[PDB]
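Mind having a look at this structure? Questions to follow.
The complex is shown incomplete by one protein chain, all other protein chains being positioned as in the whole.
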């Protein structure tokens, strides 16, 4: 009885996003997505530590889905028989049945089709939630992503002016809880079920061993740094399904930030650092003004530098010496300088 | 010299709330409340672990007090001689004398009467705060609750429109720090003073052993799930006197959320997850649109599923298939399906 046009969307691996319109004059459609659960061993840090992960579509995070207010979203969730456990999906964007989790529980070898109406704008988490202690375990094993529900007129500044991004990236942050042996080395396991008991003990102490973007320490540095150009307005969606985070663009700002992630609320302006509450997605716009490397971190700097939570942007363009300049390069402290008379000595 | 009508309020145990008017045309009154401290052993999880608690009025949290802007609140605090320690009360709603703590210190066998003017609207924490290390210990032992100071015109949406709730619940979240023996089992004690030294060591590492609503894991699930009906606008007050929390209604949203808890500020709309800073109360309105079970959690899912922090609502009414529907029930993955050609394989 729901007589609307159907459109199939092909998702892409984060931190990229499938193509979409920002503002649209198309009416509501049924937007069709497919997510396939994949349990597999994954490498999660620069020393090669492996982890028994569980994913949507083989990535941590799962891919970003993008629709417009009033669309219907029809998700086929597939759990191949190569997997060992039941899985489901819960959309924080959806209304009813535990976000869809109570309608999508599938054993290996099965698939299910859920439809939810996109009545709430913003970026939102989706994650697996099978029941009881399996909920946190599936989520911290990798089974979470995000969906963006755009207004049909695209984003605005909360004061009646349109905003448009030239570029979008999705940064999924994952807290991981990897057991260690008596000597302090990370332990390896042959299957998720084998890893569970030891992993649950680490989870109970609430302190992650790794905090990563795009599934691994160093995923978005080096060759895989994020590209941008001076003058571009870049939307950075950030999600964390289980634990708080405090994003910060080193050398930049958040020009417009929806830290609670919901476009019915005006963004805040000119933030240094914002706050993603565990169990949510937020979004920040920034117009790059300077070329060079930027680090994007959670600004618990221990997590950023020592547990894996740093991405880079590589921005091309011309340097603006009015905004910042090195007036004098490093030089020997003048013989004549008198710093021993300063108030704090 | 304060010549206003007096009205005695009988409090009730959370998560229920004493009856009150939302909007009122009554002028300011002296609203009289009594809180009696009770130290006692309490059961805090589904395995029967017991805990040396300290409470206001025998419950964790202490009861919700509800008054209107401009009322005076006259609290008789009683510390029966069956108790072993001094106690006091500090209202985050009040101005002066450490919130009242510096005027309310009572030994066992004594009572004291404090009056504070309700000049600030919102939901606010109250808690015991005897002095020094006793402050966190009394609070994490259970001695905290909340007070709501309504505008005289009731709540509004921050844009000039009245909001009215059909139902109110108060969810007090408690972080607990229970010692374990060498084998990892929770230890039992015969008195609060006996529990102190071992408990302070757990407190110092800042990681709770239990995170509970209404005083115990499973308190608000099963027979004690919270009731609602499709169409009702429900106000959920949430407090945490010592530690942050990130509330989330699984399958719903926060239609209007005051996460910092103060009604002079417009609420945010359409939240997935909000944030209660430790030492505060916040509030969310939601109009139920779908029947069924909802879980209300902190969305650190480890705390929610494994440390006790899940409540349920049981909502009666008719399902809306437009908002969400199971298009196809779980079925075998079609022989003809081609998932091995997906980009992530």
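Each chain gets a letter, A and B, in the order it is written, and its residues are counted from 1.
Following the convention adopted for this analysis, a residue touches a chain if its C-beta (ideal position, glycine included) is under 8 Å from a C-beta of that chain, and two chains touch if they have at least 3 such contacts.
Per the touch definition above, the residue from B:31, B:44, B:67 or B:139 contacting the chain not shown is B:139.
Considering the whole complex, the residue from B:15, B:61, B:99 or B:308 that touches the absent chain is B:99. Contact with the undisplayed chain is limited, among B:71, B:74 or B:255, to B:74. The chain that is not drawn here is touched, among residues B:26, B:191, B:227 or B:265, by B:265. Residues 207, 244, 246, 248, 250-253, 259, 268-275, 289-290, 292-295, 299-307, 319-320, 322-333, 337, 339, 342-345 are the ones on subunit A that touch the missing chain. Although one chain is hidden here, its contacts on subunit B can still be listed: residues 2, 10-13, 34, 36, 38, 57-59, 74, 78, 80-81, 90, 92-107, 109-117, 119-122, 124-125, 129, 132-133, 135-136, 139-140, 200, 203-207, 241-244, 260-262, 264-265, 275, 277-281.
What we mean here is this: only the chains that are shown with their structure count from here on.
Note on chain placement: the centre of subunit A and the centre of subunit B lie 30 Å apart, centres being C-alpha means.
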